[PDB]
Amino acid sequence: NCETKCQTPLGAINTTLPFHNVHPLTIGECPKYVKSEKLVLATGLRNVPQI
Amino acid sequence: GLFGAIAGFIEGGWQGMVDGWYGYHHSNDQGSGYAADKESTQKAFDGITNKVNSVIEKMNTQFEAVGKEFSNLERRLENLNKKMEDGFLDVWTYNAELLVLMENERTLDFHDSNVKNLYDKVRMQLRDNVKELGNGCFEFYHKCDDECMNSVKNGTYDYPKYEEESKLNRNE
Amino acid sequence: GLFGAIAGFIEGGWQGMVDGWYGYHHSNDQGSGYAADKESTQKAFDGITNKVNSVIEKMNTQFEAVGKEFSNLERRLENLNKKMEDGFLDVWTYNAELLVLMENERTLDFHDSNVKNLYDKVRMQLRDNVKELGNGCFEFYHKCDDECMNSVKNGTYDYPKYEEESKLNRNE
Amino acid sequence: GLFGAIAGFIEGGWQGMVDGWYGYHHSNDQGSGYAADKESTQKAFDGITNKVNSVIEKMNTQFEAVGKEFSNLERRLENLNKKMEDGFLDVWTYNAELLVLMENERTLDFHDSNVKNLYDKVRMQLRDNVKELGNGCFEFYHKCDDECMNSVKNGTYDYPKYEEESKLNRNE
Amino acid sequence: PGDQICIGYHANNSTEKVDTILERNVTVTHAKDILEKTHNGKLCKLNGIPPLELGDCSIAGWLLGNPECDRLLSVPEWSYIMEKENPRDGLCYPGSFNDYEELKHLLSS
Ligand SMILES: *[C@@H]1O[C@H](CO)[C@@H](O[C@@H]2O[C@H](CO)[C@@H](O)[C@H](O)[C@H]2NC(C)=O)[C@H](O)[C@H]1NC(C)=O
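Going down the list, the protein sequences come from chains A, B, C, D and E.
To convert, count from 1 in the first sequence and add 275; that's the authors' numbering.
Quick note: the second sequence, position 163, residue 163 per the authors' numbering, numbers continuous.
Quick note: the third sequence, position 140, residue 140 per the authors' numbering, numbers continuous.
Quick note: the fourth sequence, position 90, residue 90 per the authors' numbering, numbers continuous.
The fifth sequence maps to residues 9 to 53, 53A, 54 to 81, 81A, 82 to 95, 95A, 96 to 114 in the authors' numbering.
The following block holds chain A by itself, in its conformation from the complex:
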């Protein structure tokens, strides 16, 4: 009884993120598929513990 804007054979997707590792074959307005495990964008700087 669920509804979605993006569907894959394994399940549906609700996401604002412009990518997924889930399944190559999709139907809808969907984020782009890749084979990556992790995709992580550095925004801030390195963490140096205050010493």
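Accuracy of the hints is not assured; some may be wrong.
Unchecked claim - 25 angstroms max Cα-Cα, derived DMTMM-like pairs, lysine to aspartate or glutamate: (1) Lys68(C) / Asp86(D); (2) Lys167(B) / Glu105(C); (3) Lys83(D) / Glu74(B); (4) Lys58(B) / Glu165(D); (5) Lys83(B) / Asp90(D).
It is worth saying that the hints were derived from the structure and are not from the lab.
Guided by the hints, dock chains B, C, D and E with the ligand onto chain A, whose structure is given.
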């Protein structure tokens, strides 16, 4: 880092500044506390947002693979379809992971440059009226109170005005 | 910038130097005027030309799509042809736009490094015989006339020779 | 270079240090010789190995083309197969050559940053107890023997202890 | 005795970790995850319009009116078609279907 500010002399960072990314705190007998730079932080923030909006939107168009079925006398065509779609997935995956890695490293060193540059910007201002401690802090050859601390911040600390008091005040 | 020279202390640039990209102008009672560095400018120019010839020729080979027609029972094959050619156009388009962006940024910061480095190169030469104004200009603790200005340019200003006049000349 | 250390002031390098990538040699009446930095060299080595293992393994998956035969009524399909496989070879070839070029340049400038940073790290330590010769060498306003030379190396040369001898010792 | 002014940057409790070419797992103040790893494990309608489930029937079995495909005799509009890998009910009388795949692709539209 690459510009040597972070895990260089500054050696660590201050949990006590929530005001933005980088900045100062001072010891005035008048008063002491953490205040962070408006202009530099603003600039860096803008640049970063531009970097993420630049990447995430550099795949707007990008390969999307939908469906297909072939007979058992179509085997070559099937294998070709597979090799192509797989090939492109591989390609865009590489493109993505790599771009992320680069933009990451470049981002961190970017922050470094920001810091070191802010520092050098202060130094080239106050230079001979103060001792550089080498720890990323400036010890005074006179008193800059706070209004004038904030004049250091705003970028004009009025050098020659405070020149003499420190000129004799130093040596010893 | 990234090395802090441009829109850093130098704060702007001189329409009065057409001689090349970066350089100096001096105040000698003897004379004053704009003359720009031969070696640095030469180097940067060479590096840049190498960068553009390196990019434009990094697509020499690159995907070119010509023609095709399919029957209405060929629909899958047609769609596959379309998805492939489109896919590659997308790929090379991305590759191009991105490479341009990077090489651009890297080019600008490159110029920065050139400038800041030239400066530091002068400073480490003349250092204690002059005051750094912090604006990207060197005030003299003695007179360097012009021959010797051009000796600053050529890279040997003969420090110890001019050492003493400034050694006593400074302080005050 | 980009950070101006190499083919900048340092002007060349020492065949007499096999101990690692960069470091020092000193003149003590006590003794003189080449010893290279443990921590910096270690760091750079690690970073580099991470870069090569990062590239060579960023093609682990990557396009591999095997075989095919078509009839003479299959000519379009053949041409499509050819254009695709060729297309991908071109793509991965570009990706490889380019990545190598970038990572190369970035590697060299990386070494530069390492050097210049090590230098600035020394300077911000010993600063007013010594004259910078501008050649990338530090002349002494006192004697640091060797234990304390190695204290310079280990990062604490104990400034105030040696402050006074040089404080009066300098001038002249 | 004196007056002084330091310079420095931010820091927090963040364990958030990124990578780079030069440096492996590295902890930073802030980061964005650009990858979506999760799904609700369900098959759903698509913008209010539900898919057509072929159940145990193939496309052939459906269009041809295989008796085992019954509820499919009349069906409303669909957002997409759910068919199994190796559906049970296709051609009950053995046979062949010409240009089957071209037809299914036609159905994709
Ligand atoms: C898709 O995700 C959004 C965001 O999580 C869901 O919309 C939210 O629904 C919850 C619960 O009703 C509300 O508290 C939020 O205010 C909603 N946010 C937004 C932006 O709409 C939505 O339910 C999800 N779609 C489905 C059907 O699962």
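Results for each hint:
Among the hinted pairs, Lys68(C) with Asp86(D) is consistent with the structure: their alpha-carbon atoms are about 18 angstroms apart, no more than 25 angstroms. Only pairs whose Cα atoms come within 25 angstroms are accepted, and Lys167(B) paired with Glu105(C) is rejected, the gap being roughly 43 angstroms. Only pairs whose Cα atoms come within 25 angstroms are accepted, and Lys83(D) paired with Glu74(B) is accepted, the gap being roughly 20 angstroms. For the hint pairing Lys58(B) with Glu165(D), the CA-to-CA distance comes to about 61 angstroms; that exceeds 25 angstroms, so the pair is violated.
Taking the CA atoms of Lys83(B) and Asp90(D), the gap is near 16 angstroms; set against the 25 angstroms cutoff, the hint holds.
Of the hints listed earlier, those the structure fails to meet are numbers 2 and 4, in rising order.
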